[PDB]
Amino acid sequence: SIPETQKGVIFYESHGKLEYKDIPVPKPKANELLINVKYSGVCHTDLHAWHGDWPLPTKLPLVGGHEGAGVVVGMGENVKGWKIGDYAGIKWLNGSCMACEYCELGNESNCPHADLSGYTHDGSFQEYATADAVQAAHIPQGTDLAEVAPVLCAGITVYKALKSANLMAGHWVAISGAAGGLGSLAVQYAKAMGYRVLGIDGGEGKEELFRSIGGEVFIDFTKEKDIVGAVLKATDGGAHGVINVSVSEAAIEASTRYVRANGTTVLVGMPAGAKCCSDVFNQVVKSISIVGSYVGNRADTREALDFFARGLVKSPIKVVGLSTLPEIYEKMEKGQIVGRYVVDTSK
């Protein structure tokens, strides 16, 4: 069954050369399932890990990818509630200690001892990958793993973000970057949660996707000179909560100025060396909160996958081969990425 080797996209140096090579099969640990990753979404976090954009250092050599979805071909001796052949998902947060004050409060992502799939752990860009059994996702039997894969890191993330904005049904939510991997899922989640979804994006075929997936008001950031004025006029005073899934520091800076008094500006995107320089006078006078949202926890994964299972969200995926993966980064560095890309580990 479980082979001796496999294929995988591995790079031995930051910003180096991606190698679609042959790598050994990862033996599962005492509590880590061995999942035959069928499909795996490509997240911009993988591009950041390749470029080395973040202060934390990656593990080298690295096989990226933190949105794996596959079958449990193997399991460690100590795993509790899993069966071989079941569907499971390798999220960004591979595992935690489950014993510090962060994992006790449900904030498992903010843990000092967190294994990050594809950053400090062999990710999901490989045929077989290992992932903890208490943190992996309980993908229901019968789903289409290709469609599920983008939900595992871009779905739970924007779900947790919109839950962190402290919005109510009917409150304007302005997805800043609402045509990308997270922007489109953010729009679908915010539409399913009852909010009124404004969107801010630009490029070729961004407005078409945004309108199709169920947005309300789209504001082109490459054709509107004053974005703040446009959002203040469209939302009648500002968005009640902004989600910054963009990769532009200027977008984040302009995001704290079109949110209402008593609003909330969730920071989800983490561009390279970006600082949210919000004016203190305007932030205090308007009581604007600027929350930061990291990947969702286990309850958030359950609720996001439950939104998916109901058919409310559907990430627009381009399924390609694994070998094409380097070009995707180029297509993602230029910004020409619409929706999400998923890689099939088979090819």
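Numbering follows the first chain given and starts at 1. Throughout, rigid core stands for the largest set of C-alpha atoms superposing within 1.5 Å between the two forms. Compared with the form deposited in another entry:
After superposition on the rigid core, displacement of the C-alpha of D226 between these two forms amounts to 2 Å or more.
After superposition on the rigid core, the Cα of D144 moves by less than 2 Å between these two forms. Taking 2 Å as the criterion, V72 does not count as shifted between these two forms: its C-alpha moves by less than this amount when the rigid core is aligned.
Show the other one: the form deposited in another entry, since we just had the form deposited in one PDB entry.
There are no partners or other molecules in what follows, just the one chain.
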């Protein structure tokens, strides 16, 4: 059954060298459960955990990775709603104290004692990884653990963002960055939730991919010069809600100018030092909200995975082996990324 040693990609100092080597198998605490992580997505947050450029101190030595779909192989003692052989998911937020005000309200991510898998907890870039039983995702049985792994971070983040834009069905939503990664998952979640997706991206074959996943209007930010005017025209007044899955400060600032009066602008990405300099007079005189959206609680996880489990959203991935890390890390530092990159822990 559970071995005494597994193979993980561990690094010992910030921005250091990633070693795919044998490490011990963790011991599930009385609240945690052990997960034979089958696959695990890789995303920019793993770069930011590697470098350590974010304020929160990173635990070291660290097995990064926070989008890990796997099988429950043995649990803790108080673990209640879980069985062995159940599929589980390691998300960004591994666990919280569940006694603080935020955990009680539902926003466990704002917990001061938040355990961030792959940042301050042994993440999912290993074969066997532990995850708090309360927060682990209840991936249904029979789902492709390869495809759901990117949905564990990008899908749950964009489901929360589209629920944070206070949109109603039929309302225009403008996904700034609407093809690739968070953008395409946001387009599919918005289309499944009822909204009328407008997309703002550019490059080769972006518009046909966008139309394929069910987008309504596509503003090519290369061909088109005035994006704000194009969005105000296509939406007939402005997008009812904007989802800024593009961390560039210019796009973020522009999204406050094509969002409808009384419309919401959700910021999803976490840049290093970006600022949302928005004209205060225009934001006041048009009653525009500029919301920020973090990972999303257990209800948003349940509902995003339930959208996935109906074939409504699909995550085209590229599966590689766990040993291909850190070629993915060094490839991601430059910008040679396309879609989502899943790693298989066995390979």
